[PDB]
Every structure is written in structure tokens, then in C-alpha cells.
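Novice: The lines below spell out each chain.
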Amino acid sequence: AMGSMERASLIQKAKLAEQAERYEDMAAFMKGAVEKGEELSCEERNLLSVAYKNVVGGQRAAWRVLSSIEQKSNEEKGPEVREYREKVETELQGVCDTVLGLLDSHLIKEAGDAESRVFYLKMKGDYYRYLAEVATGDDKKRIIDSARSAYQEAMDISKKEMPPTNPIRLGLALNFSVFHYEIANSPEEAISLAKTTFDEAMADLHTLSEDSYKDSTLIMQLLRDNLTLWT
Amino acid sequence: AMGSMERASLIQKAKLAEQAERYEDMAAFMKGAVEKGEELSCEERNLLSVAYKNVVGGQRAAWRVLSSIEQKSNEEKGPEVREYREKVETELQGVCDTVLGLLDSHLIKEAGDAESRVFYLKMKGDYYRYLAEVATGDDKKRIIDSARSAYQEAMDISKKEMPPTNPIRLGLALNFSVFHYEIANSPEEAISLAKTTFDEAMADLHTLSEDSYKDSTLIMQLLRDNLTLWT
Amino acid sequence: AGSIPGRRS
Amino acid sequence: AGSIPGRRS
Ligand SMILES: *Cc1ccc(S(=O)(=O)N2c3ccccc3CC[C@H]2C)cc1
Ligand SMILES: *Cc1ccc(S(=O)(=O)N2c3ccccc3CC[C@H]2C)cc1
Ligand SMILES: [Ca+2]
Ligand SMILES: [Ca+2]
Ligand SMILES: [Ca+2]
Ligand SMILES: [Ca+2]
Ligand SMILES: [Ca+2]
Ligand SMILES: [Ca+2]
Ligand SMILES: [Cl-]
Ligand SMILES: [Cl-]
Ligand SMILES: [Cl-]
Ligand SMILES: [Cl-]
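Protein chains in written order, with the entry's author numbering: chain A, -3 to 70, 75 to 231; chain A', -3 to 70, 75 to 231; chain P, 43 to 51; chain P', 43 to 51. A prime marks a further copy of an entry chain.
With the rest of the complex left out, here is chain A:
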């Protein structure tokens, strides 16, 4: 759809869309940029993630509202609540499938540096996790396993190639811990992962500049917030 627009113009318009809080547009611009076939820079990977995370985040919030109404209804309200929850769910699945398709064609396979590869495998884990949040059919177990496998490959690379304070490594651990707690029914694994991540980052803060320290400690506090919620 964006095939006739220059890559650089798509990137510029994605930045404008973010400033205007037009995240659906932002995602469409970034999909067009990825489809140009060139690798993405660090900044461009963040535009891609911000756009889709905000789109799917709104769908998730709406799905949860509708799913709560539907569960309470189960006086006869008719088929409408279930139909509308299904509509939002199908839309959400479609966005996740689109993101997974960009990662598979061909972002992950060309990503050789640890920072890019970990970033994309973390995203893959996240969008399978969002599919798992709404899954109930014969493929639920396979969707959960696909998230697990992507996060695990990202973790293995991150532990070999990045310091324990690296923000991508920290955010990956944060999200994989949420996977364990909320999806995999493994709260102890979630707590263990968050605490070991936090403690190993703490012990490496001394190596960091003021700005890197600020970034790492911000994510450490997110880990701590979850640990406080879970314990």
C-alpha cells in the first residue's frame, strides 16, 4: 500500500504520526518501511515497536473490557457481546499476524548483530504472547510454545552477547517474566527470573555512565514493581 512512497518519507511520517498520536498510521508507515527490504536501524526498530505495541495495546484493552462484560453475562443479552468481542479479537489476531509476518519475512533472518536479533525475537515472543492471551482452541498450546521458544532464543543470545544492564536484555527479561506469570502459569519461574535479572543488573550499574544508569535503573524498577505485585 506504501509501495510508492520513499523509505525515508515513510520513516519521517512514522515520526510525525507518533507526535500526533496516530498509531495506526504509524504502524502502516513502518510496515511500508520494513517492506522496502532493507534492515532497520536502532531508531527505526523502536518506531516499529512503538507503533504496533500501541495499536495492539489498545485492542488488548478493548478485548479485556468486552471479555469481562461477556463473562458477567454468562439475563440473556443475545449474541451481540460475544459477536463484538469476537470482532475485536479477530482484528487483534490480524495485527499480531501482520507483525509476526514482518519478523518472519525477513527481519529476523537478516538480523546478525545481537542487539537487532534479540530485539526482533523479543517482539516475536510478545506477539505470540498477545495471541496466547485470547487463544482457546486446538492451537493454544502451540501458540504458547511459540512465544516461549522465541523468548528463549532471545535470552540465550542476550546472556552470551550483552551485559546484564543492557536495556534490551532487561526488557526481554521483564517481558519473559510476564509470560511466565500470566501465560505459562509459572509464577515461581517469573519471580526467579525477575529477581536474578534485577540483582545481576544491580551489580553491573557501577560500569555505566549517568545516562546508561538512568535507562537501566528505569527497567530495574519495572522488574521491582512486578516483584512487589507478585510477592
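Since the hints were made in silico from the structure, they are not lab data. A hint or two may mislead.
With a cut-off of at most 27 Å between alpha-carbon atoms, the simulated BS3-like pairs for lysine-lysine come out as follows [as the list claims (entries may be wrong)]:
#1 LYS140(A') - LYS160(A')
#2 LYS77(A') - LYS32(A)
#3 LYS87(A) - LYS11(A')
#4 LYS195(A) - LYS214(A)
#5 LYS214(A') - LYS160(A')
#6 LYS87(A) - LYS68(A)
#7 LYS32(A') - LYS77(A)
#8 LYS27(A') - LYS77(A)
#9 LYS11(A) - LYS109(A)
#10 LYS27(A) - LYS77(A')
#11 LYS77(A) - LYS11(A')
#12 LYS214(A) - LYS160(A)
#13 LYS87(A') - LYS11(A)
The following residues of chain A' were derived to be distant from chain A, with all beta-carbon distances above 12 Å [as the list claims (entries may be wrong)]:
#14 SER105
#15 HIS106
#16 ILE108
#17 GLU115
#18 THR136
#19 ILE183
#20 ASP199
#21 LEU227
Listed next, the stretches of chain A that the computed footprint assigns to chain P', with coverage defined by at least 3 CB atoms under 8 Å from CB atoms of chain P' [said to hold, decoys possible]:
#22 168 to 180
#23 213 to 225
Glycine included, each C-beta is placed from N, C-alpha and C at the ideal position.
Starting from the structure of chain A, add chains A', P and P' with the ligands where the hints point.
Specialist: Below, chains A', P and P' with the ligands without anything else, positioned relative to chain A:
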């Protein structure tokens, strides 16, 4: 597009969409409901207004962000900011045209009671006002006049048929005052209208129940907030 | 200046 | 529980 869904199901889904903060869906459901051809109840008129006011309100906010960036750029940023502002502007115009088309086919012509007719003519004034906010071509004056004329007809009916505390009459006066200040370059008319509206409502509050009082005073405070801003 | 909101809030 | 945000804020 909604032609195969029951009227009652469209109304129910519009209410669910509002709860889920899915205002584009809400507007599509309400467009489908209007297109069934039956008049709308008070509650249904509010669903229609809420849906489109939230959709166009988001477009307006994005247009303003983009128009501010574009004015500052006028280093050469290339055509992208103007192109993207134009894209959002065209979308906004399309939504306004859709709303105006529902009012013209055939909500206004079948609305005989003062409450319904004033409500729809106020909406007509509002969506021409939103078109006027972005207008710059040969039709700008005619768009401003179309807003004026709709608001004026609504005002004339409201003053004959509704008490001065009626919330629709008050909201109409509020919006027409904003038209005078922001669109018509008539700040004195805006101030006069807001103050006379406020004072005439104040003098009628004694007739109202506690709940009607709460409604009328809420809109009176919006009038007062604008008067404080403008004086 | 503010115009009328869609809901009371 | 919270996951990573898209931006620092
Ligand atoms: C999964 C992930 C993605 C991006 C980053 S980040 O370092 O680019 N960054 C960030 C830095 C510091 C604290 C939080 C964040 C999240 C937003 C982005 C901009 C980290 C992890
Ligand atoms: C233009 C207009 C539209 C609707 C109303 S209202 O009375 O239905 N109402 C309201 C009541 C009290 C205070 C503010 C409002 C605005 C939202 C709606 C629900 C009034 C004016
Ligand atoms: Ca090119
Ligand atoms: Ca009953
Ligand atoms: Ca490469
Ligand atoms: Ca029918
Ligand atoms: Ca220069
Ligand atoms: Ca009638
Ligand atoms: Cl539906
Ligand atoms: Cl554009
Ligand atoms: Cl309300
Ligand atoms: Cl940031």
C-alpha cells in the same frame, strides 16, 4: 456496511464500543443505525453525537499537531509534513461530510420536536465549524456561513421552545459562542452570548430538581470557564 | 475555549 | 504486571 445487522444490535454494540473506548466502531454502528431510516430517541442521539465527536476530536487534535509542525517548518523538510497534514485533513473532512450527510438524509427533516431538531441543527453547526477550522479555499466563507445558519436556526427554536436552563439549549449556546470567538472573529458576540446565556440560566435554576440543577450548572460552568479565558 | 463534551465527564 | 513500554515515559 451494517445493512444486515438489526437496528437494536447496532445500538447495543454502539454502547459496548463506547465502554471499550472503540469510538470508530461506535460511529460505524451508529451510522448503520441511522441508515435504518427510523428516528432516534434521546439516548440514541447521544450515542451518535458521542461517537462522532470523539472520532473528529481525535482528528482535530492530530491536525493541530501537524499544522503546528508545518507552520514551524515554514530548514527544508521536504513535502512530507504537508502531505501528512493533508492526509489527516482529508480524513477529517470525510468524517464531517459523513455526519452532515446523515443529518441531511434524513434526520433533520423528520425531526419535529424541539429537542430533536435543536440537537441535530447544533450538530450541523458543529460539523461545519470543524470543516471551517481547516478551510482555506474558495468555499471557506460559505462553510462558515453554513455553520452560522445552522446554529442560528437552532437558537431561534431553542429560545421559543425550551427553558433557559435546558441542557441542549445551553450546550448550543456554548458551541455557538465558540463559533463566534474561534471561527467568525467575533469575540464580543461570543462574550455577549455566553454572559446572557449564563445569566438567564441562573435566573431559572430555582425551578429545577436537584438532578436537573446539576446538569444545568455543569454547562453554566463551561460557559463561565470560557468567559474567564476570554476576559 | 471548550465546547460541549459528549458525556457529562 | 507491566511489560516494557514503547518509550521511556
Ligand atoms: C524491548 C526493549 C526495546 C527497546 C528498549 S530501549 O532501550 O530502546 N528503550 C528504553 C530505554 C530505557 C528504558 C526503557 C526503554 C523502553 C523504550 C525504549 C525507547 C529497551 C527494551
Ligand atoms: C449539545 C448537547 C447534547 C446533549 C446534552 S445532554 O443533556 O444529553 N448531556 C449533558 C447533560 C448535562 C451536562 C452536559 C451534557 C453533555 C453530555 C450529554 C450527555 C446537552 C447538550
Ligand atoms: Ca527509494
Ligand atoms: Ca431476570
Ligand atoms: Ca544483517
Ligand atoms: Ca429489523
Ligand atoms: Ca540550516
Ligand atoms: Ca418526526
Ligand atoms: Cl460485531
Ligand atoms: Cl501521507
Ligand atoms: Cl453522562
Ligand atoms: Cl524514550
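Novice: Each of the hints needs a verdict: does it hold here or not?
Specialist: Right, here's what the structure says about each hint:
no., hint, verdict
1, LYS140(A') - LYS160(A'), "31 Å, violated"
2, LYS77(A') - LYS32(A), "22 Å, holds"
3, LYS87(A) - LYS11(A'), "15 Å, holds"
4, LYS195(A) - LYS214(A), "19 Å, holds"
5, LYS214(A') - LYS160(A'), "23 Å, holds"
6, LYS87(A) - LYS68(A), "19 Å, holds"
7, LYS32(A') - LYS77(A), "22 Å, holds"
8, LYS27(A') - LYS77(A), "22 Å, holds"
9, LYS11(A) - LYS109(A), "26 Å, holds"
10, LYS27(A) - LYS77(A'), "22 Å, holds"
11, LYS77(A) - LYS11(A'), "13 Å, holds"
12, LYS214(A) - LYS160(A), "23 Å, holds"
13, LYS87(A') - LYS11(A), "15 Å, holds"
14, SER105, "27 Å, holds"
15, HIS106, "26 Å, holds"
16, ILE108, "29 Å, holds"
17, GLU115, "28 Å, holds"
18, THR136, "19 Å, holds"
19, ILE183, "22 Å, holds"
20, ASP199, "39 Å, holds"
21, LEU227, "30 Å, holds"
22, 168 to 180, "holds (count 5)"
23, 213 to 225, "holds (count 5)"
In this structure, the one hint that does not hold is number 1.
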